[PDB]
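Just the one chain here, laid out as structure tokens, in the form solved without the ligand.
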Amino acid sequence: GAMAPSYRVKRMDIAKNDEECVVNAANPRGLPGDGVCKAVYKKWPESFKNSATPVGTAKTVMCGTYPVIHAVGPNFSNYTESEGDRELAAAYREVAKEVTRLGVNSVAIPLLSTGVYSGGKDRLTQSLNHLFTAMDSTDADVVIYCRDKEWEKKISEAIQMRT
């Protein structure tokens, strides 16, 4: 584990992360997709061999020795708010299990279901709180990646508020 497990946020491409493994914001079919998923496909395409997995689950595929944890958040276009919320929390709990199983000391993670799966809603707080629920009991250093300056500030504030 990390000597003093922390949360941090960076405003940059998660495909350029400085952590021991990455979480993909995957689609259920293991397709190259859009946004984070497409960046992950360009950087670690070998990790999309048999990466298909249902909504609410995580499946890790190694690119060389570098683990890519494919986490499938719900598309809120398809799900009700209530069921979407349930599957989003579940995806993060599976991420925590995989991070634990891999024995990594750090992980790069995007906010699941906040992009084209958001159903046109701002889900920063919803997604981040489910990330914290799952990851708080892990001892990996977590680095959250975002692209928007206002999101970086809001995520940073949320991390600092817990101390």
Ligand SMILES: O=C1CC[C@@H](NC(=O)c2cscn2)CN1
Given for the second form:
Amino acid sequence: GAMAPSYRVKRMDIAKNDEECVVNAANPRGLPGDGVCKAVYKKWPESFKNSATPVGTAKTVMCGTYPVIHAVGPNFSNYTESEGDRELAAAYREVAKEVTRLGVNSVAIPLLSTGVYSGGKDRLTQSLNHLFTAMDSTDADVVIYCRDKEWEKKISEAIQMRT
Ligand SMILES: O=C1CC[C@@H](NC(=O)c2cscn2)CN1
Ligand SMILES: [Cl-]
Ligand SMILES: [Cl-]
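So the form solved without the ligand is up there; where is the form deposited with the ligand bound?
First the chain shown before, then all remaining chains and molecules of the complex.
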């Protein structure tokens, strides 16, 4: 574990992370996809061998010795708000189990279901609070990756609020 486990946020491409493993915002079919998923496919294509997994789950595939945790959040275009909320919380609980099992000291993580799976809604707070619920009991350093300047400020504020 990390000596003083922390949360941080950075505004940059998660494919350039400085952590011991990465969480992909995956589709259920293990396809190259779009957005974060397509950046992950370009950087770690070997990690897409048998990476298909259902919604609300995480499946880890090694690229060399570098772990890629494929986490499948719900597409809110297809799920009800209620069922989507349940699957989004579940995906993050499976990420926490994988990060623990791998014994890593740090993990790079995007906000699940906030891009093309958002159903056209702002889900920063919903997704970030499910991330905290799952990751708070882990001792890995967590580095959250985003692309938007206003999202960086809001994520940073939420981290600092808890202290
Ligand atoms: O800061 C943000 C902006 C909206 C969403 N990002 C992407 O859609 C996206 C596409 S490629 C990388 N992120 C989540 N985070
Ligand atoms: Cl960048
Ligand atoms: Cl998404």
